[PDB]
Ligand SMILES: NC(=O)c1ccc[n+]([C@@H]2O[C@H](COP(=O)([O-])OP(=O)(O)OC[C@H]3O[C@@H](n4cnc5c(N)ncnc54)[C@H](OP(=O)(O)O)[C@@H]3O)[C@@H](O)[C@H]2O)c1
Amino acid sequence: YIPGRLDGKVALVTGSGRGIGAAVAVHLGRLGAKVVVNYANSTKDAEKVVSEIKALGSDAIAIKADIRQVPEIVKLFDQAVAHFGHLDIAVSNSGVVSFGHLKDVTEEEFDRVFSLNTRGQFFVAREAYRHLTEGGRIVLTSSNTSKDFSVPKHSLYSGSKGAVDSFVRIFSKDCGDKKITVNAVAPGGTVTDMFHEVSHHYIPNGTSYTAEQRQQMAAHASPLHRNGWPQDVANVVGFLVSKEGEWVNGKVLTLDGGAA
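Can you show the single chain from that sequence in the form solved without the named molecule?
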């Protein structure tokens, strides 16, 4: 046994077609896990993640699912266990962002956000509990906006992640009967190819700055004076899902480089 490593373990990672999830999938592979690369949309993109994990010396398979549809979450987990024999780790990076003043939020937008961010993640945890081996790991995605950062016109999303924080604390109670720990990660400002399209929403008069100015401002929000990156989230997920992370259970870790 090599400490911190996941040799002999099997991990499922959702949201592997965007920056953070892709980095989490590759990192769990690098640590020695075989990986089910779950994704929502681009099969070519997901297969690039599979290829990267194989190149590192670990096995991976891409399995698609619409995480809004609970029957598809059931099938995803069944197929994961059928392919690799068992499953030890489930990480959800599933979610969508949303902005708008309360006054303008529609039924459709509420449902768009909660169906994935909150309901989808709840049922990913349910199916992970049902399928996981004893002593496994579940990690869901919250946000620094749930509790630690207050963004005007971001009530819907912030609440979708506030629910996740409460879920994980109580899931840890129920999941203890299979010795499964349950935690959430709550990233701050993380730079990906989608960051620049929404970064104006997170600062007053955001549109009056250039994208580069907004990224620099985001960097200066951490006392370390750098941006957060997908690898920062992956690094913490890797610890939580290791043997050495066991005593962190039922918690939400805000990953913002000290900004809050």
Contents of the next structure:
Protein chains: 2
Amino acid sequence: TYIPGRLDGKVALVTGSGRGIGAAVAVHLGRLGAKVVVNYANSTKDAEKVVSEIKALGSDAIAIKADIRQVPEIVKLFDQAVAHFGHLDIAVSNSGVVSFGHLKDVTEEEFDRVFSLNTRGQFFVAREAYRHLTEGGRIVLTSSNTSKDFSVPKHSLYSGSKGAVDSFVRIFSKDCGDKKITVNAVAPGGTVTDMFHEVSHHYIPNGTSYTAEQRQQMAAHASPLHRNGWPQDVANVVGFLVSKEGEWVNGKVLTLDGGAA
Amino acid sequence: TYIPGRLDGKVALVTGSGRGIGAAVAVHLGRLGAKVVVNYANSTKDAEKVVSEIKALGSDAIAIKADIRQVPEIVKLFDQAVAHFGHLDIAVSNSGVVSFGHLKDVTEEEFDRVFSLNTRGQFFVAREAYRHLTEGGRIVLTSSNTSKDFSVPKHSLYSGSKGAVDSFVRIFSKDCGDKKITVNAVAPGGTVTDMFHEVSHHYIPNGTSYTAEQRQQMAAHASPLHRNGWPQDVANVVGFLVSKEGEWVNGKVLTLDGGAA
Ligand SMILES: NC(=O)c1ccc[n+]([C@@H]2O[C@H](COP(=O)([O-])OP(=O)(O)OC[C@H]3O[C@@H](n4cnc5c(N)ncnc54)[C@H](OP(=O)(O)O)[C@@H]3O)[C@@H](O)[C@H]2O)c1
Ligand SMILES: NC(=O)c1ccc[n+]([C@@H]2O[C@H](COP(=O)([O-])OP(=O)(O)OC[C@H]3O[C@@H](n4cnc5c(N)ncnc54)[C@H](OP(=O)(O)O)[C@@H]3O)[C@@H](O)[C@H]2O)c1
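Form solved in complex with the named molecule, following the form solved without the named molecule:
All chains and molecules follow, beginning with the one already shown.
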């Protein structure tokens, strides 16, 4: 009785896994048999619930605080992971922030706020993952449908931040091959989280004239499956990418929008 | 009387047009009838020769020093352009630096060196272009075949800096449409300049024992036309994009590699 995609004996790290997509990814990898490093920057209590949830399904996990904007903290995060669990096999770079603004109004401060986490942060999470990971490991970064597949006015900064990631993973796969580590990205479409409700009004003309429920309902019709994307959808795909069965998917960006594009 | 393809009565600015691709673009736009702002960071003499060349073919030009890494100098550059010529119609963002290195070895310093110019710099050149341009104007940024079309080991940092640019211009076209300004990028393949010779050993099978000239000869075979790309090849395409007749190409990235991909 073959059960595919188990991660028994494996150790995974997920950045920003206290809440949102990261949280569901972390719990799912735990459910699949992996021990999990739950990284957070702010959401201490949320991260501890995630740790508790993973332990409850019969795995093990630890919540570690690190600001992914700070490269020395990324280094420390990965050293702590290895010192605690003994090895690290899977690294999922998930932390990101969203941004909207007409090009004409984008400040230096906002450019840097976004790129420092979404692009620079993810680049050095991948570097540190390469440095710490066991042979035959897995690195997954997080892009967006807005990188290439979906054009939203006033969304250039954020779209660009993930466009860089798409290019990163393709070349990362070449470099990381010398340790047989695969490197991919997931590019979610609208996925129901704190970030989604924060900006749902942009995926519609005007959009501020609807309730959060109406906007969510309207977003559900983007997919021909007529439902919203959920953190579990992303987790399902990350789970496969980081499994043994996922190996021949390498250097690729998978847009996870339920067929919207 | 308007002449099709020409740029008579227009004012153009090219970043880093003292040498390399920028210089060819700047001279070509001058040849097409545009008055030209020739930006440089270091190459004073080269920039002045560019200015003289544009004057020799019956147009006008001024060289203006500005470090494109510095957003306040971009502002200054565009301010001076508008003060000097009365208006600015065309902005070409060309300045860039190359980088190679395995992911594992990439430093904070190198990441920032590359992104501050290639990505952040170009983003803010686009912001200042929008801010200063006449209605119906043109903005072109510079990407690379390595963004999406060509994978080179140890080239993740630079490849990603241009992948951001690809996504930027697609969305910039939406924002800038409210002034009828088109925004595109050119994505050169290997193009014979100082930059090409620094890195051409990465582009060919095993070119270790080969001097610059031999590496260039070998790289000439990537294109099914069996020649190298030249700065004039890029200038030729820029000249069309920034013309009236180029209007319906908007929000796009054109890979200019003579058919190699
Ligand atoms: N949800 C969508 O519709 C959507 C669509 C496309 C792409 N994405 C991408 O999917 C990823 C997750 O999005 P989400 O919807 O789950 O976002 P979210 O609900 O806003 O959650 C953000 C996550 O990022 C973490 N984080 C923020 N700043 C951090 C920092 N400096 N260092 C470390 N972690 C930090 C947060 O942890 P703390 O609370 O501890 O700060 C939190 O866990 C992001 O990369 C996002 O760009 C989301
Ligand atoms: N050549 C290729 O094979 C190739 C391939 C793909 C993409 N590209 C892209 O095409 C563009 C031009 O490349 P190229 O081959 O002409 O490069 P190059 O020969 O190295 O020339 C670089 C140009 O950028 C300018 N520059 C450098 N730093 C600057 C700064 N801080 N501020 C303002 N300007 C600065 C330089 O001016 P100063 O001398 O005054 O510093 C110079 O004019 C770049 O964006 C490059 O990434 C080139």
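Think of the rigid core as the biggest set of C-alphas that the two forms share within 1.5 Å after superposition. Positions refer to the first chain, counted from 1.
Peer 1: For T192, tell me the Cα shift between these two forms once the rigid core is superposed, in Å to one decimal.
Peer 2: Looking at the C-alpha of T192 between these two forms, the offset is 1.7 Å.
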